[PDB]
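*Asks:* Read off the chains here:
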Amino acid sequence: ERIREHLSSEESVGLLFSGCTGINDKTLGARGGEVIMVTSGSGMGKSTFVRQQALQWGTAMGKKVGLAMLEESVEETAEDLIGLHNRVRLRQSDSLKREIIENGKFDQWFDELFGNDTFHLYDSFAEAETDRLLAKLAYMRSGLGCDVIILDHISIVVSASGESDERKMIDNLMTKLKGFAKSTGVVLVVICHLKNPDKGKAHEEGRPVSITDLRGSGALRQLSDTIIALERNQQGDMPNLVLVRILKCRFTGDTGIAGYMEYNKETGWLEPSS
Amino acid sequence: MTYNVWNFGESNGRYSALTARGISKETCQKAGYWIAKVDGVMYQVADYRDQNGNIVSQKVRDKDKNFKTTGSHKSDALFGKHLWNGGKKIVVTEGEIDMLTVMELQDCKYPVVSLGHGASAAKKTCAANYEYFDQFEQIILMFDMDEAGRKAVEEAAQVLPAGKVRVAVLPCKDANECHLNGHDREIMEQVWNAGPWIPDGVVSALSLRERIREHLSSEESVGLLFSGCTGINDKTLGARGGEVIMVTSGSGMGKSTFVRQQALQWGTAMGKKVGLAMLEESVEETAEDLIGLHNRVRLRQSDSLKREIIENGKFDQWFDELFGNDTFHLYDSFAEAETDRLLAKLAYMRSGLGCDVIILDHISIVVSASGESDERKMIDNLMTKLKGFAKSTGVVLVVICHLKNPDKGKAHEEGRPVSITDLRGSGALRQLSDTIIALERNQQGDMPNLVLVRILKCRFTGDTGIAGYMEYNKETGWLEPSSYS
Amino acid sequence: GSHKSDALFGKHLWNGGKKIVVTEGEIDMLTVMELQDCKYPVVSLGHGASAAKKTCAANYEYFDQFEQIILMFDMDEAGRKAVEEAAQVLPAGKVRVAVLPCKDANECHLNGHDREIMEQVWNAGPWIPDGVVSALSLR
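Going down the list, the protein sequences come from chains A, B and C. Counting in this note's numbering, the first sequence runs from 1 upward without gaps. Counting in this note's numbering, the second sequence runs from 1 upward without gaps. Counting in this note's numbering, the third sequence runs from 1 upward without gaps.
Mixed in with the good hints there might be a few duds.
To be verified - List time: in silico BS3-like cross-link candidates among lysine-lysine, alpha-carbon distance up to 27 Å:
(1) B:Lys109 <-> C:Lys81
(2) C:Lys18 <-> C:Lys39
(3) B:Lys109 <-> C:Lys103
(4) C:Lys39 <-> B:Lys89
(5) C:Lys18 <-> B:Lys109
What the hints assert, rightly or not - Distance windows between CB atoms, simulated:
(6) B:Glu480 <-> A:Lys265: 24 to 32 Å
(7) A:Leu144 <-> B:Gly394: 25 to 33 Å
(8) A:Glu266 <-> B:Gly371: 48 to 56 Å
(9) B:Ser120 <-> A:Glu112: 44 to 52 Å
(10) C:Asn123 <-> A:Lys265: 55 to 63 Å
(11) A:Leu144 <-> B:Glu480: 35 to 43 Å
(12) C:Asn123 <-> B:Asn12: 57 to 65 Å
Derived from the structure by calculation, the hints contain no laboratory data. Just so it is clear, CB atoms sit at the ideal spot from N, CA and C, and this is done for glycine as well.
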C-alpha cells in the first residue's frame with residue numbers, strides 16, 4: 001500500500017530543471033528526498049541558475065519554495081525574482097525601478113507573482129547557526145508546507161569556532177541536511193563554491209570542474225544525490241555561454257555534459273542555446 | 001458584545017501601589033493603571049487612552065490573572081501611547097506591569113509603551129502602530145524572556161521601522177521579574193544597549209512588498225559613479241551601499257592612485273563622507289596626495305613649489321577649499337592595527353561620524369591573533385567580518401588587496417591580465433566581495449601611463465570583461481579616460 | 001559601606017544641569033569645584049580608572065540629565081585608556097575629553113595652570129581614539 005501510494009503521488013519527474021535540458025535527460029528532474037548540489041566559480045551563475053529554478057517551480061508548476069539567501073537581504077532576493085519573472089533586470093536600472101513605482105506597475109507584477117503565497121524565504125544574513133537554520137528550514141517544509149528548500153551558500157564561516165579546520169563542519173552539516181531532506185521528502189537544492197587550484201587556468205577562464213574541485217572534504221559528493229555544475233569563460237568570445245556538466249546523479253547514474261545556455265543580459269535568464 | 005468602559009468613580013477605583021510587583025502609587029497614577037473593587041473582588045484596570053485622554057478601551061484582570069476587555073480594543077492598542085508625542089527612544093514592553101516597571105525606574109519621564117493583545121498579536125499590534133513608532137529614533141523591544149517571548153520579538157522586528165529595532169535579554173522571566181529579585185541593574189542598560197540587529201530567521205510570505213518599494217526608493221542601483229573612466233559604470237553601475245569593492249593591480253601601478261581619485265571625487269562633487277584607512281602612510285601623507293590631486297598637481301615631485309605655495313597662503317586656500325565640507329576622514333596609526341582594533345574604528349566612522357564610503361588600503365597587514373599557521377585564514381576571517389559590517393550598516397566599502405607573484409612567465413608589471421586566481425589570500429575575498437576592479441599596465445612598454453581596467457566580478461550586474469582604458473597624467477597625477485582599443 | 005559601581009563622588013549635589021565634569025580622583029574633583037566656587041556640576045569616579053567603563057555605564061541614566069559630560073581624567077597611558085573605556089558607554093553626543101599640560105587637574109592647579117583647566121571644559125566632543133579626525137582638524 002505504501003509503494004502504491006508512493007508510485008501514485010511521488011513527484012519523481014516533479015519540478016523538471018528549466019533553462020536547459022539534457023539536464024532532464026540525464027537526471028529526470030529532482031526527486032523529493034534528494035539533495036541537489038549546484039556549483040561553479042565565483043560570479044558565473046550559481047545563484048542565477050538556482051534562482052530560475054526556484055521561480056519556475058513556484059509559478060509554472062506552482063510549488064511552495066523555501067529560500068535561504070544567507071548572502072543577501074530578502075528584499076534584494078525578491079527584487080531579482082520580480083524582475084526575473086517579468087523578464088527584466090530590475091535591479092540593474094534606476095529608471096525601471098522609478099518607473100514601476102510611480103505608475104503603480106510594481107504592485108501589479110508583485111501580485112501576479114507572490115499572489116499564490118508560494119514563496120517563503122529566510123531573512124537574517126548575520127550568521128546562521130547550524131541548528132538555527134535546520135529548525136527554520138524544517139519550519140518551512142513542515143509549518144509553512146514547502147515542497148522545495150533552496151539554500152544559497154553552504155558555508156557561514158566567520159566563527160572560529162572552537163574546532164580546528166571547518167572541513168568537518170561542512171561534512172557534519174551536509175549529513176543532517178540529507179537527513180532532513182529524506183525524513184520529510186523535500187527537494188533540497190544547495191549551492192556550494194569551488195576550491196582554488198592555482199594550478200593552471202582555472203574556472204572563470206574555462207577549465208572543467210570535477211568532483212575533486214568541490215569545496216570541503218568531499219562529504220557533499222556522498223550525501224547529495226545529483227550534482228549540477230556550470231562552466232563558462234567570462235574572458236572568452238562568448239562570456240554569456242555557459243556549459244552544464246553533471247558530476248553525479250544517484251537516481252540515473254548518467255553523467256557528462258548536458259547542454260549549453262546563454263545569459264540574456266536583457267531578461268537575466270539562462271535561455272537554452274541560441 | 002464587548003463590555004462597557006469601567007468608571008473610576010463608579011467601581012471603587014483608587015490609585016494604589018502594586019507592592020507585590022514593585023510599582024508605587026505615583027507610577028500607577030501617570031500611566032492610568034488603577035484598581036477596582038467590584039463584587040468584593042480586586043480588579044486591576046489598564047486605561048488605553050487615545051491622543052485625547054478619552055478612554056477607548058480597558059484591560060481588566062483580577063487575583064487569578066484572568067483577562068477581561070472593555071471598550072474598543074482595536075489592533076493599534078498601545079498602553080501609554082497617549083503619554084508621548086515622540087522623541088529619541090521608546091520602550092515597548094509586553095505586559096502593562098512590565099511597562100510599569102520601566103516608568104518606575106525612569107521616574108515616568110521617558111517613553112514606554114505596552115502591547116495590547118499580549119505576545120500573540122505582537123506582529124499585528126506593531127504593524128498597526130508603524131506611523132506612531134516611526135516618530136522615535138529607536139524602538140526597544142523588551143518582551144518576555146521565554147520561548148513564546150522570543151517568537152514575539154521575531155514577529156515584532158519584522159513589521160517595524162528598519163534600523164530602529166533593538167532587543168533586550170533579561171536574566172529572568174520579564175522586566176517585572178527582574179525588578180523583584182535584585183536586577184534593577186540588568187534591565188536599564190539593555191534598554192540603552194540592546195542589539196540593533198535583524199529579525200531572524202523565518203520572515204516569509206512577502207509582507208515586505210511595500211517596504212521593498214520603500215527600499216527601492218532610498219538605495220538606488222547606480223549607487224555612486226567611478227570617475228576616471230566610463231565603462232566601469234557600464235559594467236558595475238557604481239557601488240551600492242552594502243557592497244564590497246575590491247581594487248587591485250601590480251606594485252606602483254596605481255592601486256592607491258585610482259582609489260584615491262574616487263575618494264576625492266565622491267567627497268567633492270557628490271559630497272559624500274569618505275573614510276580612509278591608509279595603513280602604510282601617515283594621515284598627513286594621504287592628505288598630501290588628496291590636496292595635490294584636488295588641485296590637479298603633484299605635491300610630491302615639484303620640490304621648490306612645495307615649500308613655496310604652502311608658506312605663502314595657497315595651502316590654507318586649498319585646504320579650506322577641499323576639506324572644508326567636513327567630509328573626509330582618515331586613519332592615523334601606522335603602528336600595526338589589530339583586526340578588531342580596526343573594525344571598531346571603521347564602524348565608528350560609519351556610525352559615530354556617519355560615513356558613506358570607507359576606504360581600506362592594503363588588506364595584507366593582518367597583525368591579529370599571532371600563533372595560527374598561515375595568514376591564509378586571517379585574510380579570509382577578516383573578509384567575512386568586513387562583509388558583515390558592510391551590509392549590516394549599508395556602507396560602501398572599497399578595499400585594496402595585492403597579487404600573488406606568479407613567476408610562471410612575465411608577470412603583471414610587464415602586462416599579463418590578472419585573473420581571479422591571481423588574487424592574494426585563499427580566495428575568500430573573491431566570494432565575500434561583490435565587485436572586483438583590476439588595473440593592468442606595462443610600465444616597461446611604449447605606453448606605461450596607459451592602464452587597462454578589468455572587471456573580475458560584479459554580483460550586482462554580472463557583466464564582466466574589459467571596461468575601458470585610462471592614462472596616467474604625470475602632471476596632474478590623475479587617471480584620465482583614454483581612447484584605446 | 002556599600003561602594004556599588006555607580007559610585008559618583010558629588011552625585012548627591014546636583015539634580016541635572018547644563019554641563020557636568022567627571023574627574024577620576026576625588027582630589028581632582030575638588031580642584032574643579034575650587035575653581036568654579038562649587039557652583040557647577042563636578043563628579044569623580046568611584047573605583048578609579050579601572051572600572052571607568054563600568055562606573056560610567058552604571059551612571060548613564062544619571063549623566064543623561066546633562067547636555068555635556070566633561071571627561072577630565074588623568075593624562076597618562078592609563079588615563080587615556082580610561083577616557084577610551086568610559087566614552088564607549090556614555091551618551092554619544094555628550095562626551096568631550098580634557099587634555100591637561102600636567103598629570104591631572106590638581107597637578108595643574110599646583111604649578112600655575114589654573115589658566116588651562118576651566119577653559120578646557122569648553123572643547124567640542126570627539127572622542128574617542130585614533131582620531132579619526134575629520135580631516136579639518138589635521139590642518
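*Asks:* Hint by hint, say whether it matches the structure.
*Replies:* Hints, one by one, checked against the model:
1. B:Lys109 <-> C:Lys81: Violated, at about 34 Å.
2. C:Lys18 <-> C:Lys39: holds, 12 Å
3. B:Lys109 <-> C:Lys103: Roughly 40 Å between the alpha carbons, so the hint for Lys109 (chain B) and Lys103 (chain C) is violated.
4. C:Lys39 <-> B:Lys89: At roughly 32 Å apart (the allowed maximum being 27 Å), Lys89 (chain B) and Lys39 (chain C) break the hint.
5. C:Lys18 <-> B:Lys109: Roughly 18 Å separates the two Cα atoms, so the pair holds.
6. B:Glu480 <-> A:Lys265: 24 to 32 Å: For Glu480 (chain B) and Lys265 (chain A) the Cβ distance comes to about 29 Å; the hint holds.
7. A:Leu144 <-> B:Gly394: 25 to 33 Å: holds, 29 Å
8. A:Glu266 <-> B:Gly371: 48 to 56 Å: holds, 53 Å
9. B:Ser120 <-> A:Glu112: 44 to 52 Å: violated, 32 Å
10. C:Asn123 <-> A:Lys265: 55 to 63 Å: For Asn123 (chain C) and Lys265 (chain A) the Cβ distance comes to about 56 Å; the hint holds.
11. A:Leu144 <-> B:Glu480: 35 to 43 Å: 56 Å Cβ-Cβ, so the 35 to 43 Å window is violated.
12. C:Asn123 <-> B:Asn12: 57 to 65 Å: Hint holds: Cβ distance 60 Å, inside 57 to 65 Å.
Going through the hint list in order, the structure does not satisfy hints 1, 3, 4, 9 and 11.
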